[PDB]
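S.K.: Chain residues, written in single-letter form:
Number of protein chains: 2
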Amino acid sequence: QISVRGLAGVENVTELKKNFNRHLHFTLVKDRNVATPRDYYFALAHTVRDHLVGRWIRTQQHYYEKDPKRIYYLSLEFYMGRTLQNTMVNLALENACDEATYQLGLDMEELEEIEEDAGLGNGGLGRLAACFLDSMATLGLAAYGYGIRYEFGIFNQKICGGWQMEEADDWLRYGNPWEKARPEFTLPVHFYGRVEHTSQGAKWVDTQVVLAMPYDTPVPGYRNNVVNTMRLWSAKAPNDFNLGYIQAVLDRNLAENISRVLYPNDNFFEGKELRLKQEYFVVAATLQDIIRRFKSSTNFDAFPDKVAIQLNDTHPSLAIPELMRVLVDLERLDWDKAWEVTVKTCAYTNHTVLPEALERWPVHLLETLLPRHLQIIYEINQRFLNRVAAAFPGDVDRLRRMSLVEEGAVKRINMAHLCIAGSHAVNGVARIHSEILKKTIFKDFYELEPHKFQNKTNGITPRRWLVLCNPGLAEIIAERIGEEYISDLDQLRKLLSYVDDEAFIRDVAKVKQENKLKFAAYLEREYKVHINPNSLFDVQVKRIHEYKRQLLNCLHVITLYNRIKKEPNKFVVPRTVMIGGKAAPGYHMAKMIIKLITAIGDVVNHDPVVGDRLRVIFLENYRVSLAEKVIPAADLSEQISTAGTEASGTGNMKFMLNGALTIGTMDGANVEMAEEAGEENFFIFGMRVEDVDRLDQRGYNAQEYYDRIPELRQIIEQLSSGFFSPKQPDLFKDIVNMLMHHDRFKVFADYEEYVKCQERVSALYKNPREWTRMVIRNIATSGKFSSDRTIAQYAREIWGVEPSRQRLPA
Amino acid sequence: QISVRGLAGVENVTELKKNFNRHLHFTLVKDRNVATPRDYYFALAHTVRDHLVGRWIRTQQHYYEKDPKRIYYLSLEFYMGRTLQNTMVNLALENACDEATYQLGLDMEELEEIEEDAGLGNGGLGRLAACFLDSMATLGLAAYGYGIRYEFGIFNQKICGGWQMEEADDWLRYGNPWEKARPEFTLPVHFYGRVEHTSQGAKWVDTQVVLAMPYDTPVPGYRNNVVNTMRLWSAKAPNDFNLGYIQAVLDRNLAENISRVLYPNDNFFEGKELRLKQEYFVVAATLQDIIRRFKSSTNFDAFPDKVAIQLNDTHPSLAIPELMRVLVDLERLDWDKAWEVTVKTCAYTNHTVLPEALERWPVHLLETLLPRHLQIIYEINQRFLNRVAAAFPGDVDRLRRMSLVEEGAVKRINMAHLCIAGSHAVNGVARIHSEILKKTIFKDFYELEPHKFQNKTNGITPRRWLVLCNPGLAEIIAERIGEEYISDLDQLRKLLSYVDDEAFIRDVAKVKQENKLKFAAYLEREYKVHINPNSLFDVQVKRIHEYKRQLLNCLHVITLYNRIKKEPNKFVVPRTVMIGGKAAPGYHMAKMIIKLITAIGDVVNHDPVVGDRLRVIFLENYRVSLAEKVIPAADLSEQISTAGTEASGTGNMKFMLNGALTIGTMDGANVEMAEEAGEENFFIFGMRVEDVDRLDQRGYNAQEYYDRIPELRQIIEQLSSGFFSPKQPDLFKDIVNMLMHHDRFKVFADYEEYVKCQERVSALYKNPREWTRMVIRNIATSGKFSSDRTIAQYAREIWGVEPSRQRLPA
Ligand SMILES: O=C(NC1CC1)C(=O)N[C@@H]1O[C@H](CO)[C@@H](O)[C@H](O)[C@H]1O
Ligand SMILES: O=C(NC1CC1)C(=O)N[C@@H]1O[C@H](CO)[C@@H](O)[C@H](O)[C@H]1O
Ligand SMILES: *Cc1c(COP(=O)(O)O)cnc(C)c1O
Ligand SMILES: *Cc1c(COP(=O)(O)O)cnc(C)c1O
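Residue numbers (the authors' numbering), protein chains in the order written: chain A, 12 to 254, 261 to 314, 324 to 836; chain A', 12 to 254, 261 to 314, 324 to 836. A prime marks a further copy of an entry chain.
For reference, chain A alone in the conformation it holds in the complex:
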């Protein structure tokens, strides 16, 4: 059908069709008379999978031959989403499969909707890992993603009575055609036990063993025939485990629970033992694999030349003391040598500055679960503080501030401090975030070792986030500048010479309208809810959290509603406000915000006077697959976190690449986005980081805004009186109380400017031509936000490897 989807050759379409029928018969054991759509999806998946194996085997053989430096990306989350379409895109098989299935009397788009998302992540952090794997494969790096194969990923969200209900994400129910179990590479992981100090070295004994079984998933690069590996570990009990008889066998579950479920927290630390086990489990199994592969290439001096370990936040921080343990206790290297190797091998990426999100494990937990690691951590702390003491003689407070060990009620280990001390590089994920790290939370560390601190602004893959989810836009763009931009996004700048092109302006606007129509139809199909495709699509999709301020969005929505009720026959640009995102199960305030959103919709959506001028919809079960649908359909992207709280944000980049304008604060990557497109082409509002600090120094008093802003006062009074909860008048008492007395994110402080800015948005939307021209200026300057750029920087500035766009023989 369209160019960017590849060729539908005669031979290939014929070949695909026969292999499809082969798998349906031999693999699924079915016939066209009893096969269901799910059967067809699997037949198609196995057919596409076959095309991956050849490349997968030779890519790995290639790395064995050339023995390049290996990159190991350790993460407890990989938010992959669906794999079928992405694989077809990267292998240039989309049109061929489209034609082949068409000839078989099947609609491929229908089959793609059957695949379950691999939701092994919570949000931004997990999605970043997924985009990174795609980019590393596309740039020809010998990279491996290592994590845990959770039996249950992020929970599926159901909305009942306006409340969030959680249900298990049994994503493996029907099987996973993409993974390949590798039981032959099963490795043992140790827990508990005690440390024994003998003549030569310490020994960790009397441990409980849990086996780590790996499952490999192929990661195809974009049309370069490279196929890397994502290896996820699954917990298995040894067969002699606990070996009445029946009970012993049933208790195997205790050990296998390690890989059972993903902790559903976004930017929040929960110090649970099971989570610590998951963290050590992935680290212990991964490091043995890394060392095994390294020896199969004694000379650990070259270890840093052949290995790079990237820690995605502090979750896998135990890799530092585990590497020391192996080198010192097992390989018998002297401490100093082992430390040198460890530091040169490890690099750490920080993803947040919120205090409640930092990992600080109670010493008593480490003491019982990983006694040898605790000892190693104390030794690391001791030698590190000696270095600090020598650099800043007499500065006793600095010593207590920089210690890896925190004193107080319960002693804790600051994992972020552990990571900085044991890594040769520490980076933030957006320029403003990296600067904040050096000026505030890690200031002491920056003064001691300035060279370690870097910035690596996040990015998103243009394959999944443009070509895959928005073929219409990818097509009109290719028509003008070719297809080279898909793997070199900076080329989009060439579109700047079309900002005055009447044909292009028309096509861009047409693509957006078609996406909105397609999405508006979807909302009625799977969720039965009518919306006006001619209205401005105002959307805020991301995890629910106070710092992201979905509440500020809510205040604007109610303001719009009250203004209409006040002057009904006055014209206002029609809007469809869409808010979606999951709340962590134990995050009460977040769950109350979801309820507030649906409650607002319950009133606004049924008010005769409002008509189709304003609609408030809460997008249920926001996940990667839904993001691929709603982002291409958006007109306005809400990125309104309080300045200084959103480390980077990545959803913001997805919206910019897909033709939506942005209303946001100068926070995270929003700053660089506005800088790239020009502030005149961005809707910036609110306090800057400096303004927030001034307010804190003076003392934030929400009452002041309530007293001086009549419209704000009205909203709070409506909330308090039960206007949005007739049957339960005080239902939102907690929300009002927080807003009025202990709002850490200063919602009221940005209210006036936000509402004012929103008026400017509506004004521009009334002029289709100028709205679209500004959109082109955004799309054209979004090149910097490709994860290919991000990965190229990690490769050159941290890992010490050169990216390559060279194709491998297929």
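Worth flagging that the hints you see were computed from the coordinates, not collected in a lab.
Treat the hints with care, since some could be wrong.
Rough simulated footprint, nothing fancy, chain A against chain A', three-plus residues with beta-carbon under 8 Å [unchecked claim]:
id: 1; segment: 33–40
id: 2; segment: 67–76
id: 3; segment: 191–200
id: 4; segment: 272–286
Interface residues of chain A toward chain A', partial, derived using beta-carbon atoms under 10 Å [as the list claims (entries may be wrong)]:
id: 5; residue: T47
id: 6; residue: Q72
id: 7; residue: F252
id: 8; residue: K289
Every residue, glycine too, gets a C-beta built ideally from N, C-alpha and C.
We have chain A already, so just place chain A' with the ligands on it with the hints.
M.R.: For chain A' with the ligands alone, coordinates are given in the frame of chain A:
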């Protein structure tokens, strides 16, 4: 190589080789440089599996078209063993695969040893189900085996310090290439809840739901292109199950534990709740499947004409009240009509008369777990006893004896009584066993409904138990009478005309010697233990139980040892005594017997004076795959259970078919075997059932034998003094005490005759020619014991269907 293994055609060997390489590449994702023997086994398994699918799909399509009466064999055990070789044999692919793998530089026998046994059974009962599935497919019956897919089958037995150690049988670790998950046919099963009596009918509400996910395994008939299905259910928790968040997800294990492990008891009832759940789980899911299939063919009058349900013992007895529940509560049929249909549909097979093995569930368990079923059972009991009262007016004791409800300490439900009342046919598994059922335990029922009682002597499949495990013997036999006997075992009688044939006598003896050499080599390979291939192989393999009397065998062994020590330079026929079998984990006496066996070996095997004249080896981890190795190598088969305790036995038949002579009591099928071959060609000894009864009436006093038999006295004194346990003098105090004071199986009573009989065995072994001629007379008359004969009788006399030897188009 040999005839019976099929043709190794040019085209097929070429085709096999290419598909082997295809699977190794695409399916296993490997190359010849990194592939291990396990990888090769799987590539071969998938290649053979492909040949099954075509036939599997058309067989099932065939049944849908012709809509024949369906046979449902319900069992909680299916002791399948390995599947690769069996599939090749039944598809006539053995020589072709042998050649194809040979050309690829691989030894197929080596690859076959890699497959894990599907050990979803304990012993005879489970193996019978497996042989039956093979025969039903070979006789063209539209049959389905229904059971549970245990994650862990019978435990693997390790011997440590002469003691049995159990370890989990993680048979699914590397995957199961034979099964096909069918998540689309998942069905709900209910537990707990309460009964609500409304206007029209009762309702079972407030139940906890567990999902039953089926896994289908193909069952190929012998060269007739028929491929039936064995459907095993796996327990899955619903996604809204228990829906802190993490705990709720982790507790899903509670529900999924239902299909976690096989209860390891052989002829012993353990009233545990989890076992009851397993029993209802298989019954509930299976019946919905049966009814679904029946409706997809309202008129339940024809239900018995299209459905036959065979209950393998009482384990699935809940099928009776569950069928009533569905017909009455859900389909709204009147009780009388529903009962008529139920009785005509169900048939019950009893497998033992030992009191401790009968299922008698506490009413309080059924009351809580299956409240509606308890009510239905009481109603059944009420109507049944009214029938008894009308047939035997005034016989109040008969009423209490025949009740399904047993009174006493705790009220219990006798499941055997439930089965007889609700089945149109009840059968024993050997003539003597079926007679005992009518004369003793079920005498009252027989007098009420004589027509229900039948006999169906057990059998074994000649495919697995001759062709597969003993190709050498199958070959020399085919050379004389052709291959027709493999599916018509009665033809072996033609071998009687070769009993005087010098060439045949030589070949038979040669095959046995080769098997013994092959086994003697295996013992050194995997277990490092030297044995003399020229000695008589005396073997007793079967589960360890007091009624099977491995202890009587032990007494003879020690007698042989003491006789040698007494007259060292006297000649005695060399023997290798082999005993193997697992003991239930909680069966203390059984575990002590295993220890005694190894203790005897510890003394006998290292006594210089004995030399290679006597060896006692305990065969570790006896299972189907080991049976296929040791049975063809045996000279003497020990079937010495106390008369009246072994319902049938099937191991006895395997030995007879493979060239071993039998020493045994007139118990179970031994009686019919001796009758078929002629008592002169069998080594019968001991009390008959009548003799045992006389002894009980008089009172069994072991002391009497101890006082009158000097050799027996010596053995008991050696045991009591610690002769076989120097470091632990009283180690066997429990054994001696039981033998002397409370031996329910009268070991001493048969000692003299047993030892005398054993002398006659040794005398015949000294004359190779006459020993072999008697062997031929046994092999030649073993035809009656083919499970094809057994199944043909079930088909005609119970299920009402005609067996067919007609091939289906491949
Ligand atoms: O869960 C997260 N962080 C702490 C729990 C470790 C997490 O997802 N942080 C997220 O990481 C993304 C990619 O770097 C950024 O775009 C987001 O701003 C940040 O919140
Ligand atoms: O476990 C068993 N029986 C009771 C526990 C139900 C069982 O395996 N019984 C066995 O069934 C075999 C086949 O019919 C017979 O050959 C054996 O004699 C009988 O013990
Ligand atoms: C991109 C993405 C995110 C991150 O969104 P932000 O607005 O940066 O927090 C979260 N969830 C999903 C499903 C995403 O695709
Ligand atoms: C045949 C068989 C049995 C039954 O043996 P009996 O001696 O009849 O009890 C038990 N276990 C295995 C593995 C078998 O093959």
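S.K.: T47(A) was flagged as interface toward chain A'. Is the shortest Cβ-Cβ separation under 10 Å?
M.R.: Cβ of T47(A) sits 7 Å from chain A', so the hint holds.
S.K.: Go through the hint on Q72(A) and say holds or violated, using the shortest Cβ distance to chain A' against 10 Å.
M.R.: holds (7 Å)
S.K.: For the segment 33–40 of chain A', does the count of residues with a C-beta closer than 8 Å to a C-beta of chain A reach 3?
M.R.: holds (count 3)
S.K.: Count residues of the segment 272–286 of chain A' with a Cβ under 8 Å from any Cβ of chain A, then say if the count reaches three.
M.R.: Since three or more residues must qualify, the claim that chain A covers the segment 272–286 of chain A' holds, with 5 doing so at under 8 Å.
S.K.: Are there three or more residues in the segment 191–200 of chain A' whose C-beta lies closer than 8 Å to some C-beta of chain A?
M.R.: Holds: 4 residues of the segment 191–200 of chain A' have a Cβ under 8 Å from chain A.
S.K.: Return the status of the interface hint for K289(A): holds when the least beta-carbon distance to chain A' is below 10 Å, violated otherwise.
M.R.: Holds - the Cβ of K289(A) comes within 10 Å of chain A', reaching about 8 Å at its closest.
S.K.: Restraint: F252(A) near chain A', CB-CB cut 10 Å. Satisfied or not?
M.R.: holds (7 Å)
S.K.: Check, residue by residue, whether the segment 67–76 of chain A' contains three or more positions whose beta-carbon lies closer than 8 Å to a beta-carbon of chain A, and give the verdict.
M.R.: Check passed, 3 qualifying residues.
This entry satisfies every hint, going by the numbered hints stated previously.
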